[PDB]
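Below you'll find only one chain, the form solved without the ligand, shown as structure tokens.
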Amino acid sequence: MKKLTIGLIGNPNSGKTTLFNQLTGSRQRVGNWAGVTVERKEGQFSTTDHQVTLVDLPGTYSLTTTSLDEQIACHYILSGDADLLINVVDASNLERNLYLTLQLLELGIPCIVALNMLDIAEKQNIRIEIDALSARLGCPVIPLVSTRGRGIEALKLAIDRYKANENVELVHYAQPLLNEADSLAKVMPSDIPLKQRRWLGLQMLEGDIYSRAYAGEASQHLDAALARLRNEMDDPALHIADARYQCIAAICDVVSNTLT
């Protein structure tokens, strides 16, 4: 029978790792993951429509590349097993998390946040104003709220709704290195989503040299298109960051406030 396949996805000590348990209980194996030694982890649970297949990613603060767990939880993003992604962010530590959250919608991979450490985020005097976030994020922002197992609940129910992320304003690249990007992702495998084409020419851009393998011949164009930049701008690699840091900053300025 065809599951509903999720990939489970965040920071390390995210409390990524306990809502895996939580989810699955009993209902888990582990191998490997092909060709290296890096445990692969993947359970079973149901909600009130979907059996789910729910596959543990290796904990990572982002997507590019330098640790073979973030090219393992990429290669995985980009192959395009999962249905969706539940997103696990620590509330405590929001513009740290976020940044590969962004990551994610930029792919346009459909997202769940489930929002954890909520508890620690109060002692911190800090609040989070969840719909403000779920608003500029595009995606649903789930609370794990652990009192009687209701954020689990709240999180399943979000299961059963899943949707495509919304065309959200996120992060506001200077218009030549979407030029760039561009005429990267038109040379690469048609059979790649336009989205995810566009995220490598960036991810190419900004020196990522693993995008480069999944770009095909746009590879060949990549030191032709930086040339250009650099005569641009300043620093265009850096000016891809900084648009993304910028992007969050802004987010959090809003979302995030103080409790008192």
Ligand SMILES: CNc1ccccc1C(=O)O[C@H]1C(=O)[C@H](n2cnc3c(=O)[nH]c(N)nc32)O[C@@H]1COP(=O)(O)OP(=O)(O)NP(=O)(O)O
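By rigid core we mean the largest C-alpha set that fits within 1.5 Å across both forms. Numbering follows the first chain given and starts at 1. Compared with the form deposited with the ligand bound:
The residue among 79, 146, 125, 190 whose Cα moves by 2 angstroms or more between these two forms, once the core is superposed, is 146.
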Given for the second form:
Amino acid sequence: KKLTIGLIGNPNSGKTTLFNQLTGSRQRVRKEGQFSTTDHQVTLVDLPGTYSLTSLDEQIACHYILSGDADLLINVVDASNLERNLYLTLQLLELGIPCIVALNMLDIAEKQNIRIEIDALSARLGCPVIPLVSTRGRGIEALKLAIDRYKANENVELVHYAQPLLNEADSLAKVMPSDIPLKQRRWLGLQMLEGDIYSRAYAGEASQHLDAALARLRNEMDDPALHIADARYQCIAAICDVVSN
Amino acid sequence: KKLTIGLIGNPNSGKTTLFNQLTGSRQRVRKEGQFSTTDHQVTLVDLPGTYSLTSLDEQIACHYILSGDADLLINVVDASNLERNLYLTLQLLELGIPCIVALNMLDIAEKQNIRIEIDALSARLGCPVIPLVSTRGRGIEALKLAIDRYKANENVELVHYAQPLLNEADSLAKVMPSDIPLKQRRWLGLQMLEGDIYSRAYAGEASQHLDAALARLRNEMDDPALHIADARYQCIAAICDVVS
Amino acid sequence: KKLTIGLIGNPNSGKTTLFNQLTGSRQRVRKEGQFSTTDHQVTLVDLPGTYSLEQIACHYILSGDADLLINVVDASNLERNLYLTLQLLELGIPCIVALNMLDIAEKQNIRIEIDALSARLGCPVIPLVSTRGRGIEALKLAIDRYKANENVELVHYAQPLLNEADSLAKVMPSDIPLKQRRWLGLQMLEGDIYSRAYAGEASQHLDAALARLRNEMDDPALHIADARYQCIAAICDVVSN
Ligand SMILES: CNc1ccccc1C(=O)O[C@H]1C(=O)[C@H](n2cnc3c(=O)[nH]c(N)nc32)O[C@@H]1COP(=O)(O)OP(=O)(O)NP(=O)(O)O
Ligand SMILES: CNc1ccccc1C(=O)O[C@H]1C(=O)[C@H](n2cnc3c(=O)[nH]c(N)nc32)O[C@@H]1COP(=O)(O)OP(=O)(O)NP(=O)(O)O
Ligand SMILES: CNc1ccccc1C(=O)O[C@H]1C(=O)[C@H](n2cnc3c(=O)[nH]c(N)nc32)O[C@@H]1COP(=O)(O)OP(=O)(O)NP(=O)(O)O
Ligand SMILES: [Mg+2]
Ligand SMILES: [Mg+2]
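Next block, the form deposited with the ligand bound, ref. the form solved without the ligand:
First the chain shown before, then all remaining chains and molecules of the complex.
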């Protein structure tokens, strides 16, 4: 079976280095690439670097991600700035898109005395985590194995939102276009409530209900947007707390 | 929703420090405090330091734990003396009280190059293990999340006792007051065969069988109390080697 | 209950050293020993070092005297040691991996996530350090808690290789379990010399099998070899350094 995979991560996380290591001379300027694993023929897409789906390169990556084109994503993460990198990781995982986290720059992490508990991160993200040193090629045989074994991400609980935030997000979600997966509709709901403007273009006509939703939320919490951001940071921090000491 | 959490740990593990970090000035003096999480309003109780549940401080904590006042416990554990601190941990988990182990003193354990594999510990304990990192509020952050996600401890076997010890503590448990849960009744029977005074008071009519129970045990094994302590030390040393 | 446990591993792993501490003896570093765990009286069989499947330890395994094995593995040379580890687990022999020589690995500065290895192997992994006796408590406890290995997929072979190994196994002797038969048919396609002794009826299908594979993959024996290398190197990169 043929597969389409997008490389997604922060700028300077090692995406191109990984792209070259996997494809080499089998590349075309979007930048596409071809390689073959044991079971699959792969098309690899070098998406432009981004910190958050929320900025000319940012919009290119975002629309592609939401389209549902690629079967699987290789989320390239810099191990030496784990916290900052995990914001994008969490977005992809909250969106329910099949993910493999490629832990890159482990040699820099090690030099800076940063140790990461791989399995513990995997347990909390709910997807495979593969250590990598892309410049030396170390870890490639493991990443290919992960692709062959790729199942759906564990439906593990990522962000623990206040219950009224979930109620209002699902209320907004049930009104967005039918062709969008519920998991993506709920996330878009959250985005809108937080103040993400660009997020409205994908929410169809649900934006009309936004201002009244926040009015309702202001009766049960001090600042709805603050509570969203709080819950998200708590998720990132709790991961780093257990995973990286 | 109101939750009541008790802080239990060895002397000098950092209970009050964590108590003060969680509650701030929302505290009165026993020392009780107040702090909120995403889903709950939490009442935190700072219990006295004790090495075991087996002076007054041993009874104060132990009587509190068995009273069922607390919905769950935060077990503050010194990371720089893991083996010493885990005896209490093993006891709470044998009791079946919902526990969250909080690893404190990360700085000291760093000084003497101690590394602990957190998830490996969690798996063998059956409860979450939360490091108390102070940078960027990571510890408190993770602790609060664990409180909102608290459930019953995982039913993983902890200590491996010899069969006659299990059979004997089991029969004693079948005799104790029916207003106490079974898992607690089994643990009480285990403590009695070791020779605990505080247990026999809780045990009631079970203490009438103790002499018969010990005698019956004395045929197969020479010393039951030692065998209980040894199996507990075995389990603790076994955990420490796989985990650090 | 009585149990027979065999000590298997590479040459110079601490295999005989572990035999000395578990039993209560001292030997120059096949001998039998005796020790009692909490629930069992255990007969411990020390075997000579072997990298693969030297002929001394080879027979003791593929016979059926032992109920469980203690696979002694050097932590300083994990990648080298795991080839045998993988063999025992692909055969589905109940075993407890005993990581030894951790003081040497720590001196060379190598860190291992023990539970991440254990999850991938599907069996208990116990850190030791024999000379400075440490993991003896955790090992005895692992024996008492013995059970079947986890049905986790180890090596990822190409689908056509699996089809061939399957069809060979279906005609193989009935007395041997499926997991042992599937491994043998897969050793035949790689070209294992001392395999036809157990193949029985599978030899009259071996010639046609190879030709059916070579029509759709350019080296069946190397793909078997490559897949095993990939599996070991994947495990090592995710777990160590
Ligand atoms: C020749 N310049 C350098 C001198 C010293 C150190 C690094 C470089 C260098 O070439 O920078 C790259 C590199 O190889 C170095 N690097 C990549 N992977 C590794 C790695 O795995 N380990 C180490 N030590 N360094 C690495 O990081 C840098 C960025 O990598 P990418 O361009 O692949 O990252 P990207 O995500 O494609 N950026 P973008 O397209 O979003 O803007
Ligand atoms: C501010 N005074 C001090 C100056 C230098 C060293 C210690 C102190 C001190 O006040 O002692 C405490 C402290 O901050 C120090 N400490 C607490 N946490 C840490 C910690 O995380 N790192 C270091 N280095 N020291 C810590 O430990 C000591 C005991 O902490 P707790 O009272 O929280 O422990 P407890 O379990 O409530 N005692 P108890 O009620 O069982 O008898
Ligand atoms: C006598 N001392 C030596 C002098 C030169 C080179 C090596 C040693 C030596 O350490 O001998 C043993 C030892 O203490 C040392 N050693 C053993 N265990 C440990 C160990 O756990 N840690 C450290 N640091 N050293 C260890 O290496 C040797 C272990 O040999 P075994 O027979 O136990 O290994 P084996 O797998 O049974 N031999 P084989 O039949 O498989 O071929
Ligand atoms: Mg690039
Ligand atoms: Mg105190």
